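One protein chain is absent from this view; the other protein chains keep their places.
Think of it as A, B, C, D and E in the order they're written, each chain with its own count starting at 1.
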Amino acid sequence: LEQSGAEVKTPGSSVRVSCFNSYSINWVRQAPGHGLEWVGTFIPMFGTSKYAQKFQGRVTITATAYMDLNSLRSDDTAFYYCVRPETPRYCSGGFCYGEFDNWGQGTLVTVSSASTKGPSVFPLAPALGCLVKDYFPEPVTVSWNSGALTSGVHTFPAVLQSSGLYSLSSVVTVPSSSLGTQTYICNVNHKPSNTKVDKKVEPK
Amino acid sequence: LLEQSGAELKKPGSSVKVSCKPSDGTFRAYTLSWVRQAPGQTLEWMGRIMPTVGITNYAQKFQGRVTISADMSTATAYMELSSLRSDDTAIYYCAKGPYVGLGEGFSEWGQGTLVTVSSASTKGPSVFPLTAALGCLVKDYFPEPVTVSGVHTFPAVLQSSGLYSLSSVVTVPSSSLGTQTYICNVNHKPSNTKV
Amino acid sequence: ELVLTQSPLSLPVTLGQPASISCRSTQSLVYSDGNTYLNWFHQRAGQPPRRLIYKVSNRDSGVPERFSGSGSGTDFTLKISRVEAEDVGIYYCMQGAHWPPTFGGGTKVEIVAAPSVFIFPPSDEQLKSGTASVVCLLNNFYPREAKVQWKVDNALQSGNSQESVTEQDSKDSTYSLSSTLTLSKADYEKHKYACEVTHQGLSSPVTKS
Amino acid sequence: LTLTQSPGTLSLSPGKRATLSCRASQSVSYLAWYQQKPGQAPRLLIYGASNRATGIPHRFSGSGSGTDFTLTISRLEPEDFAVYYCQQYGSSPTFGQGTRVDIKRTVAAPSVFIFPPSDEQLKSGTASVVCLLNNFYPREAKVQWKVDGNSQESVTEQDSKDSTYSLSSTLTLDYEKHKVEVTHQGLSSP
Amino acid sequence: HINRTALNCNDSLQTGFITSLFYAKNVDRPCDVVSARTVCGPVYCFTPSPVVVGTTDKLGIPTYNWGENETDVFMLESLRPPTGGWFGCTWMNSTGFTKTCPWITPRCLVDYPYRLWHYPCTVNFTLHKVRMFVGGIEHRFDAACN
Partner (left out) sequence: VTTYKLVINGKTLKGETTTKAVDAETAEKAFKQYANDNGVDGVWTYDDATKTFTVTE
């Protein structure tokens, strides 16, 4: 389906995300590195809407579809897929319940207090690597020696620290004799801050 | 048992709305018919409404200028009677017929609402007071009616100037003449003056 | 083509005599599922009608057993056995087997006494205005046949003496009458008043002044 | 109400049979199965525990009733290696945890590769010591690295070249001196 | 207003009939009081004009609980018009079967929003404006004939 793009917001603010037969509008969220959580469900034909318990008094689903989330928290940082199923299985006053069929392309929401910040690059002296730490927001592209070395390159997924700043590691396996013969420069690029860094790693 | 709107004086050409409120405050499974009675004429049935479903059935005589509406949560049925004329001056009743249909008659009846159509202006009543007996007279009022409260209420009589007048007396023993006090309660809905 | 006719239009019966009201139609009221939908009503004076029979033979609750209905098809009959002073007013027959529901023409049902004559002088609040009106009164009398004569200074008066009769009271089967003489202020002061009253239960014309 | 999926990770080579279990903490038949390839949106597979969705291959079949439900794939295909979820829609919609299915491979022992912080990082006032596991299989690995509540993990996906994983555990930071343990199946000694 | 619609549908037979309650998907006894526990979707009666009848209690007071509680029923009692309310009523019971208690002529049928749902074999039916006199009064409504 068609949904809105990824948006970064501050805690306490409000987000409005956008979203062929369909009888209901189901919103499901997925925290990065977690299962699937069910947000509210709206039915336009009847006007009723059933919301989750933890999202009871701060979510609304208006009628294209929309989802209003007020009073944001650091836990709401997740992908937000909208589901518009086709056939309902049973109605029991005043809703009609069924499985989730047509899923959306995805809308990532990020809730953090820190604003845009450049990445800090620290070396991993020897395998070796570069530690990209304390940057915001996503994403960041790490390459080694202008894309020359690709064998053994391991770019781990970005980790969100407790300080609202993302952290990322990029390592690579290399022979132990090329320390005093070959140069290693990890190219870092962070377009959200127009940051293009080339840091050189040295053994010991 | 069923409440009903008060009396009104509408000039020819205008419209009139008459409300009917059941004593329960809620609507139930029954048809709420509207019946009128012209002066010196038999009962005439105007229309029927089911407040639960919203069906309206008007008579061919009033088709095109009567509208029986309903307003739930208020439990008050209305009767929009437009394009008024002289012969429409009558008493209007709202009757409770069975939900299954008519035929079996009307169980409950409204108190009645006297609608008067005339081009003359509304004039309030001028009041003058009167074993033994005590009387209280009402004179020079227009239009009808006038409620006065062994008591006898006399029907109105038309005068030459177009005004109405009626009397009401009551027989009381001559032992409590100076002890008790009597005040006749009289209201005229078109003028809306309680004396 | 469908017309409801009541007969007799006026039925006088002394208290305690059986009565019968016939309400004949031109079309059969048998309808589709049977149950001829003929209903009898009773409208007092000042009060809306109230149903006593809702299907020819079926009696409504809160109605004395002294009422019964008979007939089928065109002919119909509402028969009363023990007539009381309570049964007064007009009786109707509505039909609900043919659109639209229509009512019958109506049957006015009516059943010796001596009147007590009264007389009230006009109030100063009325004499202070434009005109004045003197009132003559007969309280509780039977039958309705009565005659009044207004004598201003022992001379008969007419043209300004209007009367009014009440409904036959359901309590004791009696009537009531009120006479009114409207004269201007100057025409009232030119004299020094008595209404002559004649009746059947009395022995001589009773007059008050 | 809570659904429990077992096993967590399922190592199976293409062509083999997969059987998943969705344990329910209470009676339900209204259960759905979803697959989610890494980076994509979930795709409905089975509704009503038994009925198969439109356009779903015959290999995906399900059964079960009450508390125990089972998803079975006839013969695994290369496009079937993803995470699988079971969802109950009979009352309040609740999902299960992950049931990851990966390409099977001969076991591989991990690598230690302890990384200390750098001098450029000590000037910022913070400290981060990294532990790097490289080219290991299976995915099951818990770190009690020691060598010294405030650490995090980061694991890459199964590589399309050799079907091996990699883990990088980082510690936030309280520092003594300048000098001075994994739990994995590949090596007998921790 | 719409809160008086009975919603107790259950697609146990895996036919997918509740879709017609929302959108027009390709479908390809005396009148007594019935309980809202079995009714699925709006209940239409035909006076001959199509009229929806909502959920009430045993006495007749309107209920707005989508026919959830067992007390909610449908007031389906009427003589044959003109004096009566309607000639008959149709509705869908909670497992997907059509119940009756609309057929003017063996060739025509009173059209209403859920006509194709209650009567699926009436798709290839042209529409005809029909004037019908029921006791002197006329009714101008659309019918679905061959």
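Convention: a residue touches a chain if its C-beta (ideal position, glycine included) is under 8 Å from a C-beta of that chain, and two chains touch if they have at least 3 such contacts.
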| item | value |
| --- | --- |
| Contact with the hidden chain (one of A:102, A:145, A:161 or A:195) | A:195 |
| Contact with the hidden chain (one of A:25, A:61, A:69 or A:121) | A:121 |
| Touch residues of subunit D, complete complex, unshown partner | 118-121, 123-124 |
| Subunit A residues touching the omitted chain (full complex) | 118, 120-123, 134, 188, 190, 193-202 |
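Operating definition for what follows: only the chains that are shown with their structure count from here on.
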| item | value |
| --- | --- |
| Between A-E and A-D, the pair with more C-beta contacts | A-D |
| Chain centre separation (subunit A, subunit B; CA means) in Å | 73 |
| Averaged-CA centre spacing for the pair subunit E and subunit A, given as whole angstrom | 50 |
| Contacts with two or more other chains, residues of subunit D listed in rising order | 48 |
| Numbers and ranges of subunit A residues touching at least 2 other chains | 89 |
